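Q: Could you slot chain B onto chain A? The hints should help.
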Amino acid sequence: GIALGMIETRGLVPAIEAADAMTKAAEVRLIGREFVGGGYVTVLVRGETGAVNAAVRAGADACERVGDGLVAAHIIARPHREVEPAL
Amino acid sequence: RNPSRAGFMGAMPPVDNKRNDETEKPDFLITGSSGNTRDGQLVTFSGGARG
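In order, the protein sequences belong to chains A and B.
Using UniProt numbering, you'd call the opening residue of the first sequence number 7 and step up by one each time.
Using UniProt numbering, you'd call the opening residue of the second sequence number 715 and step up by one each time.
Same shape as in the complex, but just chain B:
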């Protein structure tokens, strides 16, 4: 029909998954992070260093 054009050469834009970094371990629960286990910031030695 109406002559379109191709151009581009690279198709879809390179969208990055904002989720990345990781590297270290999330800061001892209580601030974010799902799943997991450990303790409700119990008096247990874990407490802060619950990990």
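Next up, chain A with everything else stripped away, as it sits in the complex:
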């Protein structure tokens, strides 16, 4: 699953909620949770374009209303070879 998405928010109530939705939506692999610092939390997800899209949209709209909610969320269709250094 080269296609990459990631959900970032303030605090990880929405982060784990969105990651739960991620895994909940398709056969996607959660490759890493990162504490940004200052309250931002990021969750990475890998898969194919359609599955990643469905997962990310489901999780984003689910987590926009929990606690303080998402901050931003977009998708990378053809991630560069530098993804391995990026993880």
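Check before you lean on any hint, since a few could be wrong.
[Said to hold, decoys possible] Subject to a maximum C-alpha distance of 20 Å in a straight line, what follows is the list of computed SDA-like cross-link-like pairs (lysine to any residue):
| no. | chain 1 | residue 1 | chain 2 | residue 2 |
| --- | --- | --- | --- | --- |
| 1 | A | 30 | B | 761 |
| 2 | A | 30 | B | 758 |
| 3 | A | 30 | B | 756 |
[Stated by the list, open to error] Not close to chain B: a few residues of chain A, all C-beta gaps over 12 Å, as computed:
| no. | residue |
| --- | --- |
| 4 | 7 |
| 5 | 8 |
| 6 | 10 |
| 7 | 14 |
| 8 | 33 |
| 9 | 35 |
| 10 | 42 |
| 11 | 50 |
| 12 | 57 |
| 13 | 59 |
| 14 | 81 |
| 15 | 84 |
| 16 | 85 |
| 17 | 90 |
| 18 | 91 |
| 19 | 92 |
[To be verified] Simulated restraints on C-beta separations:
| no. | chain 1 | residue 1 | chain 2 | residue 2 | range |
| --- | --- | --- | --- | --- | --- |
| 20 | B | 758 | A | 78 | 19 to 25 Å |
| 21 | B | 727 | A | 67 | 56 to 62 Å |
| 22 | A | 83 | B | 752 | 35 to 41 Å |
| 23 | A | 80 | B | 748 | 43 to 49 Å |
| 24 | B | 758 | A | 39 | 21 to 27 Å |
| 25 | A | 54 | B | 754 | 31 to 37 Å |
| 26 | A | 81 | B | 752 | 31 to 37 Å |
No lab work stands behind these hints, which were simulated from the structure alone.
Where is the CB? At the ideal position from N, CA and C, for every residue including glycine.
A: Relative to the frame of chain A, chain B by itself:
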């Protein structure tokens, strides 16, 4: 008939409705309170702060 007496001066005792206080809002459902709406402690942002 039998001479009764009145006395008292205040009739019935001042029984208070134990139901009172109120002031604040009941603690986020799930513990008491009828009627209402909101959510079954859903994962929704509401969840705890369901209000």
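Q: A separate judgement is required for each hint: does it hold in the structure or not?
A: Hint check results:
1. The suggested pairing of residue 30 (chain A) with residue 761 (chain B) holds, with an alpha-carbon distance near 19 Å, which does not exceed 20 Å.
2. At most 20 Å may separate the alpha-carbon atoms for a hinted pair to count; residue 30 (chain A) and residue 758 (chain B) meet this at roughly 15 Å.
3. For the suggested pair residue 30 (chain A) and residue 756 (chain B), the alpha carbons sit about 16 Å apart, so the restraint of at most 20 Å is met.
4. Residue-level check passed: residue 7 (chain A) sits 25 Å from the nearest beta carbon of chain B, beyond 12 Å.
5. In this structure residue 8 (chain A) is separated from chain B by more than 12 Å, as the shortest Cβ-Cβ distance comes to about 30 Å.
6. Distance check for residue 10 (chain A) against chain B: the nearest CB is about 25 Å away, which clears 12 Å, and the non-interface claim stands.
7. The claim that residue 14 (chain A) is not at the interface with chain B holds, since no C-beta of that chain comes within 12 Å of its own (minimum 17 Å).
8. A cut-off of 12 Å between C-beta atoms confirms that residue 33 (chain A) is not in contact with chain B; the least separation is 21 Å.
9. With a least CB separation of 22 Å from chain B, residue 35 (chain A) remains clear of the 12 Å interface cut-off, as annotated.
10. At roughly 21 Å from the closest C-beta of chain B, the C-beta of residue 42 (chain A) stays outside 12 Å, upholding its exclusion from the interface.
11. Even its closest Cβ contact with chain B, about 21 Å, leaves residue 50 (chain A) beyond 12 Å, as expected for a residue assigned away from the interface.
12. The claim that residue 57 (chain A) is not at the interface with chain B holds, since no C-beta of that chain comes within 12 Å of its own (minimum 21 Å).
13. Listed as a non-interface residue, residue 59 (chain A) keeps its Cβ farther than 12 Å from every Cβ of chain B; the least gap is roughly 21 Å.
14. Consistency note on residue 81 (chain A): stated as away from chain B, and its beta-carbon is indeed over 12 Å from all of that chain's, at 23 Å minimum.
15. The beta carbon of residue 84 (chain A) is kept farther than 12 Å from every beta carbon of chain B, the shortest such distance being approximately 33 Å.
16. Every CB of chain B is more than 12 Å from the CB of residue 85 (chain A) (nearest about 29 Å), matching its label as outside the interface.
17. With a minimum CB-CB distance of about 33 Å to chain B, residue 90 (chain A) clears the 12 Å threshold, and the non-interface call stands.
18. Its beta-carbon lying about 34 Å from the closest one in chain B, residue 91 (chain A) satisfies the requirement of being farther than 12 Å from that chain.
19. Against chain B, the non-interface label of residue 92 (chain A) holds: every CB pair exceeds 12 Å, the least being about 30 Å.
20. In this structure, residue 758 (chain B) and residue 78 (chain A) meet the distance hint of 19 to 25 Å, their C-beta atoms being roughly 21 Å apart.
21. For residue 727 (chain B) paired with residue 67 (chain A), a C-beta distance near 60 Å keeps the hint of 56 to 62 Å intact.
22. As the Cβ distance of residue 83 (chain A) to residue 752 (chain B) is approximately 39 Å, the hint placing it in 35 to 41 Å holds.
23. Between residue 80 (chain A) and residue 748 (chain B) the CB atoms are about 45 Å apart, so this pair conforms to the stated range of 43 to 49 Å.
24. Checked against the given bound of 21 to 27 Å, the beta carbons of residue 758 (chain B) and residue 39 (chain A), roughly 22 Å apart, stay inside it.
25. One distance hint, 31 to 37 Å for the beta-carbon pair residue 54 (chain A) and residue 754 (chain B), holds here, with the actual separation near 34 Å.
26. Checked against the given bound of 31 to 37 Å, the beta carbons of residue 81 (chain A) and residue 752 (chain B), roughly 33 Å apart, stay inside it.
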